[PDB]
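Heads up, the chain below is alone and in the form solved without ligand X1S; it's given as structure tokens.
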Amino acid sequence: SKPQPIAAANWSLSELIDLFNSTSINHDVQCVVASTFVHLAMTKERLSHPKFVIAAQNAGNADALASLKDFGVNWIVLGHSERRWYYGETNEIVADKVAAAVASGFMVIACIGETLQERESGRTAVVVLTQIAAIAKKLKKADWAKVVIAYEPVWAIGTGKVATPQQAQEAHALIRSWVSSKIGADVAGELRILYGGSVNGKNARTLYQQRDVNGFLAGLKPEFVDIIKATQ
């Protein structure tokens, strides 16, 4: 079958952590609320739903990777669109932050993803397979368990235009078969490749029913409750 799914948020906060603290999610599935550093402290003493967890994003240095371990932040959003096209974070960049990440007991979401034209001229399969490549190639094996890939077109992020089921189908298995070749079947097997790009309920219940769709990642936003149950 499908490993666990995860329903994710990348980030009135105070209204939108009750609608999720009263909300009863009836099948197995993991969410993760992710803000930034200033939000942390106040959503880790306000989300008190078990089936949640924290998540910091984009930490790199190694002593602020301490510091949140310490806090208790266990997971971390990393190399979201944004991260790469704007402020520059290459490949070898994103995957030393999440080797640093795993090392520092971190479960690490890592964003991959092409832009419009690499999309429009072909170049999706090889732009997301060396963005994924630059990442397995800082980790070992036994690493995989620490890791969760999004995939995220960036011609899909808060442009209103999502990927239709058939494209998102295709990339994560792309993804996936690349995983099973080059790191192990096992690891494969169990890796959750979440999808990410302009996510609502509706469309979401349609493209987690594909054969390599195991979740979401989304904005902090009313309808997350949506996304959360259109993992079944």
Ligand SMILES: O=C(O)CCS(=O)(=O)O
Second form
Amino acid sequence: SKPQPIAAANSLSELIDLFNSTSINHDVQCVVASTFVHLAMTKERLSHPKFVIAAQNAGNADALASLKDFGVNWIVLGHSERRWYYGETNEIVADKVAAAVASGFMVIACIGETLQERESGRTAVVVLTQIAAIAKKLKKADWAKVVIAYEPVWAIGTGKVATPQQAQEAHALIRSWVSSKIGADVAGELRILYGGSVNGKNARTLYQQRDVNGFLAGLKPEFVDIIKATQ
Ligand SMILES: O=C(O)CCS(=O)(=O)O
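Since we've got the form solved without ligand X1S here, give me the form deposited with ligand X1S bound too.
Expanding to the full complex; the earlier chain stays at the top.
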């Protein structure tokens, strides 16, 4: 059976109110990730015990230490625009992941191919090269602290979701590599989340696929339906 699912979100006061009042009637880890400036309020306000707060993109020893001290134990790293806009390479992302794990963080590590990479049939090579870089900086025990988020760059914010077949093919390819390079025990416990134009309507169908363990989506009222779709 699948490991514990995750639903992560990547008028905020009304939004925190809505989440706080939501009964979630199954086992799922919910995560709200936000920029430094909003962390303090999110932690002050978000009290639902099935939710944790996550930082994003911290890459400095002292910054990570400060976050942990403040009670932040999760972090999202390597998200799409980090790579295609800011210029974080596969190795920079991998180093940030290694540092975070070393500082005691649960890490949602993001990987995914661009439109051209997809169209030219290079999804597998790109995505696997990205995760291999991450794996290079980790030891086996570290994977207990890692969560993989697969997001086709062409599906992020474009309104174009991957089909269930596309998502499943990508997740299975990732899990098979983890199984063979890291170990089948690690593969079986690893959460691989899908992200990119997930909504209330399409999430539950995606979750039905063998290798989908949850979602990364925007912080919006419909995230509640995304949480419900994780079963
Ligand atoms: O933040 C992401 O990872 C996904 C945002 S969206 O594609 O659902 O609009």
